[PDB]
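S.K.: Here's the letter readout for the chains.
Protein chains: 4
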Amino acid sequence: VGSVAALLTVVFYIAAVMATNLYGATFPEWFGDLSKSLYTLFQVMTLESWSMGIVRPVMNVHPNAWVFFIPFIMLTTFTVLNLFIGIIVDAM
Amino acid sequence: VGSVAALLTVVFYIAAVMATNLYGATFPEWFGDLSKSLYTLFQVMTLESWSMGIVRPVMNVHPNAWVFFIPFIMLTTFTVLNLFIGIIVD
Amino acid sequence: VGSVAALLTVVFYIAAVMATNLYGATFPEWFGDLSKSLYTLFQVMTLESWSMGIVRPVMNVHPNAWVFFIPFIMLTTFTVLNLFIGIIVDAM
Amino acid sequence: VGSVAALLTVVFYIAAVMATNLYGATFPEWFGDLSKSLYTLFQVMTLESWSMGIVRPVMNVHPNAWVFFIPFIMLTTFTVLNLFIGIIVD
Ligand code: NA
Ligand code: NA
Ligand code: NA
Ligand code: NA
Ligand code: NA
Ligand code: NA
Numbered sequence: 131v132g133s134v135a136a137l138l139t140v141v142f143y144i145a146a147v148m149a150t151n152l153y154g155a156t157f158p159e160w161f162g163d164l165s166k167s168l169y170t171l172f173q174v175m176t177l178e179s180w181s182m183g184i185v186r187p188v189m190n191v192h193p194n195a196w197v198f199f200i201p202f203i204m205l206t207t208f209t210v211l212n213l214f215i216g217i218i219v220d221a222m
Numbered sequence: 131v132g133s134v135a136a137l138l139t140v141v142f143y144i145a146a147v148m149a150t151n152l153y154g155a156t157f158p159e160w161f162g163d164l165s166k167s168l169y170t171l172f173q174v175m176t177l178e179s180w181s182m183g184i185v186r187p188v189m190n191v192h193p194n195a196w197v198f199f200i201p202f203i204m205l206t207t208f209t210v211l212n213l214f215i216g217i218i219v220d
Numbered sequence: 131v132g133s134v135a136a137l138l139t140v141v142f143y144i145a146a147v148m149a150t151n152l153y154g155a156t157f158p159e160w161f162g163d164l165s166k167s168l169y170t171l172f173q174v175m176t177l178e179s180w181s182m183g184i185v186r187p188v189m190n191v192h193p194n195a196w197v198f199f200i201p202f203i204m205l206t207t208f209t210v211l212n213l214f215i216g217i218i219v220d221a222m
Numbered sequence: 131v132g133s134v135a136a137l138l139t140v141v142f143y144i145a146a147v148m149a150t151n152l153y154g155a156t157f158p159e160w161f162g163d164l165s166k167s168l169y170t171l172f173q174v175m176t177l178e179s180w181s182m183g184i185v186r187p188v189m190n191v192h193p194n195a196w197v198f199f200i201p202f203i204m205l206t207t208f209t210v211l212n213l214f215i216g217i218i219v220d
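Protein chains in written order, with the deposited numbering: chain A, 131 to 222; chain B, 131 to 220; chain A', 131 to 222; chain B', 131 to 220. A prime marks a further copy of an entry chain.
Treat the hints with care, since some could be wrong.
So these bits of chain B aren't anywhere near chain A, every CB distance computed over 10 Å [stated by the list, open to error]: (1) 137; (2) 155; (3) 178; (4) 183; (5) 189; (6) 193; (7) 202; (8) 207; (9) 217.
If we take Cβ atoms under 8 Å as the criterion, some of the chain B' residues that face chain A in the derived model are [claimed, not checked]: (10) 175; (11) 179; (12) 181; (13) 182; (14) 200; (15) 202; (16) 203; (17) 208; (18) 209; (19) 211; (20) 214; (21) 218.
Just so you know, these hints were derived from the structure itself, not from any lab. Built from N, CA and C at the ideal position, the CB exists for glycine as well.
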């Protein structure tokens with residue numbers, strides 16, 4: 131369970147470093163610094179306005195922004211599910 | 131698990147072919163090409179603005195658009211859940 | 131699994147009959163007929179704009195509208211989860 | 131299962147007492163009283179407009195509002211999942 135939690139933190143930090151670089155100048159409210167980025171990627175991970183509120187306005191400037199977010203959503207959402215199920219199993 | 135992942139891809143492509151045809155002229159930002167369509171159906175599958183942001187404006191032009199989206203949402207969301215649980219078990 | 135699917139259909143129809151009556155005149159776009167209602171309660175069940183988009187504008191006219199929606203969300207979301215898990219169990 | 135349901139209620143009430151105090155004057159539509167607060171934290175827990183609709187406008191006045199909501203979301207969403215799975219097992 132600890133190895134799963136460690137993998138997500140490393141992925142979350144690398145993704146937020148990547149996102150800061152990619153979309154920080156064009157969209158500074160969302161990815162202007164590692165802080166703003168980690169908060170946006172948590173919001174994207176929970177799914178709240180991931181497309182209409184974040185990806186669609188982003189994709190309008192960066193046409194292939196979906197190559198980052200969709201695989202990010204596929205990985206993090208799977209891992210978070212796997213982590214939460216893992217805690218439940220390592221309790222009974 | 132591989133058979134589940136293959137079934138979802140085939141369904142996702144057929145649905146995105148269908149959606150392109152159905153709502154591409156009336157709503158080209160959302161379903162104007164197979165690309166735009168696959169991205170919209172992923173967004174609809176995750177549930178983000180599926181009704182207020184997508185289905186309601188669509189249904190306003192195509193009254194029975196819900197005959198496609200609701201069963202699509204029922205199938206894909208079930209399959210994705212089944213696939214993710216399948217990886218955890220295996 | 132069949133008994134679970136039957137329970138949800140009966141609940142969904144009764145709730146959509148109730149909602150049509152309660153909020154149909156004040157909010158006809160959302161609950162103006164059993165059809166419009168079943169579609170809104172499915173949207174509410176999936177969670178898409180349940181509060182900001184539906185319950186908050188409703189509660190503004192019907193202060194206690196939350197006595198219907200929150201318990202509806204607690205029951206249907208639990209049952210749908212229980213139904214989907216039930217299919218997975220009755221397969222392995 | 132009962133102990134899990136009791137833990138969530140205590141956390142939900144304490145969080146709604148905390149939120150009322152913290153953001154009630156600056157955002158009274160959302161956290162103006164324990165009632166308004168419990169309804170907002172249920173909405174935040176379900177995830178509906180948690181950031182764009184709630185946390186972002188809040189954070190604009192309280193820069194570190196995320197120190198309350200993100201850990202609240204991490205705890206309640208985990209507990210609700212654990213509770214619902216618990217009923218299914220029992
Ligand atoms: Na959701
Ligand atoms: Na959403
Ligand atoms: Na959502
Ligand atoms: Na939303
Ligand atoms: Na969600
Ligand atoms: Na939502």
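S.K.: So, against the hints stated earlier in the document, which numbers end up violated here?
M.R.: 3, 4, 9, 10, 15, 18, 20 and 21
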